[PDB]
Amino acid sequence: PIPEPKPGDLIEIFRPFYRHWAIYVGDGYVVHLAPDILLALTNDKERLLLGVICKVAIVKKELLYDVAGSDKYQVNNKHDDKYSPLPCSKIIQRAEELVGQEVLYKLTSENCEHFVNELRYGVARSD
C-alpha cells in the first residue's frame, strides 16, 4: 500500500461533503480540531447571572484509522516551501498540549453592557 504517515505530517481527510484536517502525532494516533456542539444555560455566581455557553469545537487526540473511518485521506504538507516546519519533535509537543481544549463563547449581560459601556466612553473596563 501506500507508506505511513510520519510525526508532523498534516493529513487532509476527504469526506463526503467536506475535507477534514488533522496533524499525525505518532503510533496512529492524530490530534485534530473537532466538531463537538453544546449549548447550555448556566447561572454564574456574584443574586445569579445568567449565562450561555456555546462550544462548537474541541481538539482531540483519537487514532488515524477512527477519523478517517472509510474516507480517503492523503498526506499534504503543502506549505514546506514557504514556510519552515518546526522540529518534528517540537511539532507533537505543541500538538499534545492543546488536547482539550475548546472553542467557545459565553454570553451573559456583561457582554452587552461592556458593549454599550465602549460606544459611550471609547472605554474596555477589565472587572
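Residue numbers count along the first chain shown, from 1. C-alpha atoms forming the largest set that superposes within 1.5 Å between two forms make up the rigid core. Compared with the form deposited in another entry:
Relative to the superposed core, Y105 undergoes a Cα shift of 2 Å or more between these two forms. The Cα shift for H114 between these two forms, taken after rigid core superposition, is 2 angstroms or larger.
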Given for the second form:
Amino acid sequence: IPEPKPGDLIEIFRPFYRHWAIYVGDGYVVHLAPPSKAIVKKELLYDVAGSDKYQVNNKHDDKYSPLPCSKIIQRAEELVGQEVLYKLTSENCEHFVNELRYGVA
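Given the form deposited in one PDB entry above, produce the structure of the same protein in the form deposited in another entry.
If you are looking for partners or other molecules, they are not here, because only the chain is given.
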C-alpha cells in the first residue's frame, strides 16, 4: 500500500469497529485516541494501524472540495493535545477528520 498524501482520510478496519485518522506527512497521522476522555494525538500510522488493514478514503471529494492541504495539516497539528469528552465511535472520529479535511460541516 503506497504512502498516503498529506490530508488524506485514513479508514482503519479494526476487528468489529472502524477508526479514522488524517495523514499529516512523514509517516504521521492525527486522530482522536484514549490517553491509555479522549485526546487529539499525532502518532505514526505504522503504530495506529498496527496489524489492522486500512485504506485512504476521501469519500466526500466527489461532491465537496477539500481545503488547501497546507491548511488541513496546519489545523490538524494545532489541535494536537486538545481533549474532548465524547466517545470514540467511528462516527465521531470520522466527523473529526472530515472537519479537518473539508471544514466545518
